[PDB]
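K.L.:
Okay, here's what each chain looks like letter by letter:
2 protein chains.
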Amino acid sequence: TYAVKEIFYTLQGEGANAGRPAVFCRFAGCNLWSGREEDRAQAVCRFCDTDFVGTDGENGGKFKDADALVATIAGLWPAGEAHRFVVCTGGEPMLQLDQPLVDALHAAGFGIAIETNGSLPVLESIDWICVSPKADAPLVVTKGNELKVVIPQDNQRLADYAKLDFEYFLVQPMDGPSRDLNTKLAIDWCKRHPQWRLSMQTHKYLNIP
Amino acid sequence: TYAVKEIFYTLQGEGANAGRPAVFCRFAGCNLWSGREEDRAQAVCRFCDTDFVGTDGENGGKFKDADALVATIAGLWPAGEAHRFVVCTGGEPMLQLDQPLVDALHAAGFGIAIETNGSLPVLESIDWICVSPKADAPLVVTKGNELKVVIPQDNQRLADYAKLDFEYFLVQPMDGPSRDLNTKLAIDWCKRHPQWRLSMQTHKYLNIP
Ligand SMILES: C[S@@+](CC[C@H](N)C(=O)[O-])C[C@H]1O[C@@H](n2cnc3c(N)ncnc32)[C@H](O)[C@@H]1O
Ligand SMILES: C[S@@+](CC[C@H](N)C(=O)[O-])C[C@H]1O[C@@H](n2cnc3c(N)ncnc32)[C@H](O)[C@@H]1O
Ligand SMILES: Nc1nc2c(c(=O)[nH]1)N[C@@H](C(=O)O)CN2
Ligand SMILES: Nc1nc2c(c(=O)[nH]1)N[C@@H](C(=O)O)CN2
Ligand code: SF4
Ligand code: SF4
Ligand code: NA
Ligand code: NA
Ligand code: NA
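Chains as they are written, first to last, in my numbering: chain V, 192 to 400; chain R, 192 to 400.
One thing to keep in mind: the hints can contain errors.
Treat identical chains as interchangeable: a pair holds within one or across any two.
[As the list claims (entries may be wrong)] Straight-line Cα separation of at most 27 Å, DSS-like style, residue types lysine-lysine; simulated pairs:
no., residue 1, residue 2
1, 382, 334
2, 253, 354
3, 354, 382
4, 375, 354
5, 375, 255
In short, the hints are calculated from the structure, not lab data.
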């Protein structure tokens, strides 16, 4: 059984796949924050820009099995078009994403991406693994396709991340009252340490979901 | 001998490599437009957003040979950092980019990207080939890494471009008085035909060179 906040079709706004059409499957619930504003100030992850509480968003609900969920995800794809691509996110998707859902998505022709905080083991049959490490959480996922680090966070050991086994190393400016400041910081970081590339949250500039 | 408008260090704003630190080598001169405003209305390519006239920009000039040009390019890279990457553009870079410059850049440890209008044969030893076809010009480069089509253009057979031999197919909104309009058209195009992905001119949103 899957608790899903929302499912929607848009362009991936972030990371190496920015600009790519994708169905987003946003799972409800996270292991680093309750999602309640009352808890934010004491949480492990305190800067979250997302509503992942409950199953009341667009196409959200409790799905009784993988087939039900895949049917809804598939239904959002343009008729007759291939290149099916789904981004599993949340919330922390690895609280719920399992091999049966991965297998059912694959059998429906989807390539699968995940957005994960890296504090939980990931299924390696997932096609595109994006890990976004939180400075005060364990990082147990040390290989993947892209490591997308939100900066700045206190306690961060940023240069150390570049030692890990990823294809791409990205910094993403932390949105909030200092987004423009953080964007300049991020640009400067990449220019000084060009192993790193910039990940903009482009959907916020394009004003799309 | 090379006529170079400007050379500068920044992040690639466009295409699949958007966000990546790069030295931009902007060659002076193009074969589809003189670069003069009085000629724009009659040019083969009429929507250009770039100044490629003369050799008077930052680090711009007339370079004696490949070694002199590579020296200036390499000089802009952060000392002791690898991942060297140069984007050859202009102007139309294939008017000037030759094998000795490519070989010299490679010997200096640079990966080489090109931004080309596709009307001239390209050097296939270039590491990253981005082709941006102009609807009223011939297209003689029909394979490469990314095909980044600026939209809308009159006379365009946009869907048909997808039959060419590229890894990525992108649409980029035409900047000018209708940028926001064209951005909406481009997003819609990708969502309708998800083989295509959106290429934003992110440097214009970030306000960086
Ligand atoms: C909402 S999280 C959900 C996926 C997973 N829980 C994670 O943290 O990777 C999706 C992405 O948004 C990023 N993000 C969250 N809050 C952000 C903020 N205020 N500014 C920028 N990126 C943010 C996260 O780091 C992550 O890369
Ligand atoms: C200035 S051109 C130089 C390289 C070569 N002349 C070409 O056209 O590809 C660099 C890139 O900017 C794109 N471009 C030019 N004018 C533009 C505009 N008004 N809006 C959006 N992209 C534009 C071109 O299509 C090309 O992809
Ligand atoms: N367009 C778009 N892209 C996104 C997001 C989002 O909310 N919209 N959210 C991010 C996420 O929550 O995973 C990833 N990329
Ligand atoms: N940052 C940045 N990226 C660019 C450009 C530019 O002017 N700035 N110009 C484009 C070009 O003229 O090739 C390609 N990408
Ligand atoms: S770990 Fe991801 S989903 Fe959870 S609070 Fe942090 S950014 Fe939000
Ligand atoms: S072909 Fe490229 S450089 Fe030449 S006018 Fe068009 S966009 Fe500008
Ligand atoms: Na989000
Ligand atoms: Na330009
Ligand atoms: Na058209």
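K.L.:
Evaluate each hint against the coordinates.
P.N.:
Structure-based check of all given hints:
no.: 1; hint: 382 x 334; result: within (24 Å within a copy, 31 Å between copies)
no.: 2; hint: 253 x 354; result: neither (39 Å within a copy, 41 Å between copies)
no.: 3; hint: 354 x 382; result: within (18 Å within a copy, 36 Å between copies)
no.: 4; hint: 375 x 354; result: within (24 Å within a copy, 39 Å between copies)
no.: 5; hint: 375 x 255; result: neither (45 Å within a copy, 36 Å between copies)
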